[PDB]
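A lone chain, given as structure tokens: the form solved without this ligand.
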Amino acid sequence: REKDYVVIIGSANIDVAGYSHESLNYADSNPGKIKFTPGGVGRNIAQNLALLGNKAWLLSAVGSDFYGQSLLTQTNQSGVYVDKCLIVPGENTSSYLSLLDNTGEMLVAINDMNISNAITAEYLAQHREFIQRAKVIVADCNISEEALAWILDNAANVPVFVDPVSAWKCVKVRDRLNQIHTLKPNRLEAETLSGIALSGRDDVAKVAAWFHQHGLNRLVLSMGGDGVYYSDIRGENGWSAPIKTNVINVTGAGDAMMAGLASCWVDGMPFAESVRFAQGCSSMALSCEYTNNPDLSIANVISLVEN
């Protein structure tokens, strides 16, 4: 419907990748290739939702600098309503700086995302009504614990899909699983939240049971090569095997899978078929050079799912 919209609350970075032609010399500038790229879990998801054809609003933070503005403009071009983002007066627009090499092997990476704290409970309270009238809310764990707590406490029965981002950033949700509609952790993040070791496929049953005891409505557990384990507090659980994917750039896989899950839910699709669709979406970001695959569409993922 034409007034169904999805609200995404997370971070937006500029992803600076540079590699050296030939070999690192440390004797100043080594001529190579450098790429500026839009990124950040929240912003990445917002874009993938737009590409799947939802009206997606980004609630996020960028700096008063230029390039900050450029990130917003670029995202607008991809379909994302950026109208409501904070433009923080004179702060560094967040960015992830990595130093791949001629192999494509990430060597070392810096990470400057303190502007995430600008995304405050008081900033979000200014959009209470607008947030509470979305079909679904997607939140990443880059934002503060007070911000995420504000969201979960003011969702007004809108389902909140939560992206745990990393082992360190995910602990935020441990005490509020009973407010999260769908949580999408990988193996280490599920180990970190539950305190239960995830040695293999044999261990997911007890990890999921732990999650449901603590209130989690839905679990979507990525176990890498083992595929994806999904579990509903009402009883439905299963495994869905990974899609054979020609892996080009592993970044943006989880951002596509979150988008796929929220989009299918808004669409009316049942849980398991939603997990398979989202696996397809992720498979599409994976075989793309970029963090967000510009060909991600409903028609293109549906064809991937059968083939």
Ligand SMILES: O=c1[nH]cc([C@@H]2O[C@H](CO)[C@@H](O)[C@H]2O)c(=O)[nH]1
Given for the second form:
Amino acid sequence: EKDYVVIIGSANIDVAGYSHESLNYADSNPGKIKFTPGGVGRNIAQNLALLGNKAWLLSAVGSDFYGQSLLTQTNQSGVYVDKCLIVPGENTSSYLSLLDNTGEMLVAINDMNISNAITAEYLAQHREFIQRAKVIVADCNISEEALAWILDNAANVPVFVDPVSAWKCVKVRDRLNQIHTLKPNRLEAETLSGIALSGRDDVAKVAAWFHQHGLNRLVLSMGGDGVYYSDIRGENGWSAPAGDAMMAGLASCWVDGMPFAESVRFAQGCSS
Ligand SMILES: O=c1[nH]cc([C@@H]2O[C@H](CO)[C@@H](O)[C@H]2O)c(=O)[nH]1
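If the one shown is the form solved without this ligand, what is the structure of the form deposited with this ligand bound?
Below is the entire complex, every chain and molecule, led by the chain shown above.
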């Protein structure tokens, strides 16, 4: 009732554009362009609202009008955007996307320096508020310094961390002992551990590596091989019967009181 989840991460305007016919690289080739709310953190925040939790986004948008519409749009979806930064005169984050007639991803551009405005100084302004959430979800779009501040100031509140990409995930390597649940895919787990994840035969040693480095819980998506989960206390298994629904799933199930393995399976069904 007074239980709420806090999400710290980025909010993007996803722009998806594709031509209707073969792309003439000359003049305005008619097509269909879709604007979309995005960012890993903002997406997880929205999914938690849909799941029935009181979700607070801690993010940054620019004063660029389309920033304020991102906030409003996610607000309508349930999220308490009341606390975000509106950054004066910055481009709000966005994730440009160029699809094909087959929805085939051609090129993708990413403008997210505003993500760096989610500072420790900003987060410290809500130290009390953040320290009273039932759980904190952070993505690795924010700076090393900011994520360091979250992990250092969670006041025993569990931090679920979404690694976002192989490039952005590394900022957590030295801080796995502060992360309650980490959700890497194959490449991100390879990148973090330095151990090749060639197939199911290798997850045992990867997970063992994560735990040696203090990770409480690993939820490792192996794509087609399904999901491997591993608790430092010993419980591991496979669920082998999107990632933004997965993270929301895991965090919501935790707050709901659900055991680890049952949460992985549930979140994996929120994913599909
Ligand atoms: O580096 C990043 N790329 C893409 C995203 C966002 O993730 C979403 C897809 O899961 C999408 O909305 C994009 O903006 C991000 O947060 N960081």
